[PDB]
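Next up is one chain by itself, shown in structure tokens, the form deposited in one PDB entry.
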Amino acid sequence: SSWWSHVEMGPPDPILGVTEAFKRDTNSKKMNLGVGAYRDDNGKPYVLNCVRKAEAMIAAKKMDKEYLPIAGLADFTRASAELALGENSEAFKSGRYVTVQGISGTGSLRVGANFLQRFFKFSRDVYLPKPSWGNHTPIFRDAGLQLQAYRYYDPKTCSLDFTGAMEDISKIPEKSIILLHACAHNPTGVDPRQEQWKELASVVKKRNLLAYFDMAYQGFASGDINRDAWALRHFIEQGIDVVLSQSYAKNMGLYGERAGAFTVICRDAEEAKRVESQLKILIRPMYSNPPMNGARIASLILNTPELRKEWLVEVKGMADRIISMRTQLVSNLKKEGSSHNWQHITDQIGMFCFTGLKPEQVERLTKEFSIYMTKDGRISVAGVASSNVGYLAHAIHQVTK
């Protein structure tokens, strides 16, 4: 034996550690700001009503559990493309796209990474924003690509280093791969404004880079599915043929069901089919075919007018609660007599917020107020409720005064 004696204990996960440490807390006051999923005003997981409705519909039909095609549920992939691209989008209407179901957003990103490793002969380099979601690194590295970075977040203003971004991108070698977060940047919450986006599109076009969009928060960011996909649609319209990963984890609250899709924009329908054949060859030896549950739910919702309609109301409802918490934290910090500038809290979008707090401060927060978050000053706004926003503002004020 002794096959594994040399296998060492891997590094402990920080996110994991704050939740765990949060749990062993006795403060009734305590708060978990490291939670990566949406929570209602009561701090509870939220299953959408449109989701429960779709499940009752599925149940009623007494559906089989037979394998889906390698590429996934056709009603799902089509609807997914439609949601992303837009109903009257030329890319959509001509059928010059290829969409395959992936295991949520992460599985979709990996499939894409693997596809690029295999067929993107022009380069091995992937440029991630500084910083980006931690998983981005291993996804691409494991796939066999090299990681590079472009300036993005400005720690001085807790906003976008637009100038730094433009300078870096301008210098990226032609035909390199650039990863862009479609909206609700993770982990900062800092997104380019529509006008900066047009400028970014132009440089990307000029450098003839392959733009890879990570779209995990469509609709969940601003409450508007069209506005959330604006940037993506802009690049395509500018004639940039992107690659994209979509997640239904957050926008439909499908977390554990794992529904997502990977899309490639091709020159034509003919090319899309060639590309499609190769994606199938790639997926087979990965997991054979995708999990059916989440795809069935998502497909029902997107394809049934009445459910799609209720869905839009509910996503807006989630986006609104987050926006409300941001607004309330700022007002409450002001009311406390805080002299610092906290406008970044309201300028930021989505679930994550880069507070600008320093590590020793985060520490004071955990130690004396029972407020759990990562040492990078990142807080999950999902963890803030109307009932504790006051408490958090006070604590923050105390530690920063």
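Residue numbers count along the first chain shown, from 1. Rigid core (definition): largest C-alpha set, two forms, superposition within 1.5 Å. First, how it differs from the form deposited in another entry.
Lining up the core between these two forms shows that one residue from 232, 201, 98, 329 moves its Cα 2 Å or more, and that residue is 329.
Put simply, the small part of the chain turns as a rigid block by 13° against the big part between these two forms, using C-alpha fits.
Please show me the structure of the same protein in the form deposited in another entry, now that we have looked at it in the form deposited in one PDB entry.
Excluded here are partners and other molecules; the one chain stands alone.
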């Protein structure tokens, strides 16, 4: 017997594990529609133009690789706050916030759950939608809080169960924590309507719950960043002090560089100066300081007028294309002769489609066509190219026929 003879084999990740499996397939026509990762119309990873140019200035500049403050690059930190909040914003104009650079959305989400475990003295309960992104569970559980659920999706009608959500939300105990997805709900692609949001805001404010916003797709829901931050701002402007996590993994295609941020909306500037210190105390014994590259890239872009403009034209370009892939898919399904209603494909927003396929179908998909998706029926439409939309339509159809 050794030290680790009792450590058993744990399973591959529900999501990430798909990329691993995909990797090993020898089928020349394999498609990885597992993770939410953008591909150009050639079905090739796409590094944004503004990104290529921002990296080049960094180089040109001959910058050091010295340790960053515990909290991250100030410029990035500040530029994020702003991207989330809006320049007009009183919250931002008053400095009543604390933004800390995190290890992308995941890392921010975690710093945040660990902050909460430590200082949220009113409850240990975090409420997640049904369904929610898989990683939300272990992130919160590992940080040490309890998990709960509120109704969200209605698979019978392929949309938001608003009456059920309102009922569940209306009964969450006061001062509990609720996780809401800012826009492009994962894995559903169905977000509450503006009017619906106004209503949720009321009940959240009414029940005095702490709103935890996960903002991983700003600019992917509508192709417009300010429109994507509506709901978030609407909440804060209603007097709800939220906490939020931002990812630059998809909107900037900085996936493996890992750039993100965790923000806390406080009552005052002084309150923020104290939350800040405790966040740093939290981060220090975790990874000490954050990865500089991704943050340097982001910041140069966010803070360089022409990089910001180009960035926005590119975020528009990526959303339009997913749209053109959605369109083409449904169209192909009818063309293959599909008797099914594929309306949700084009109804849904974001990088995926929550297709409704059963596990046997997902299974057949992988094995007969070398098409990889998650077991919940979620496909990354973001990863389809003009060249294989036909192939997918066909397979989806065969296994559905």
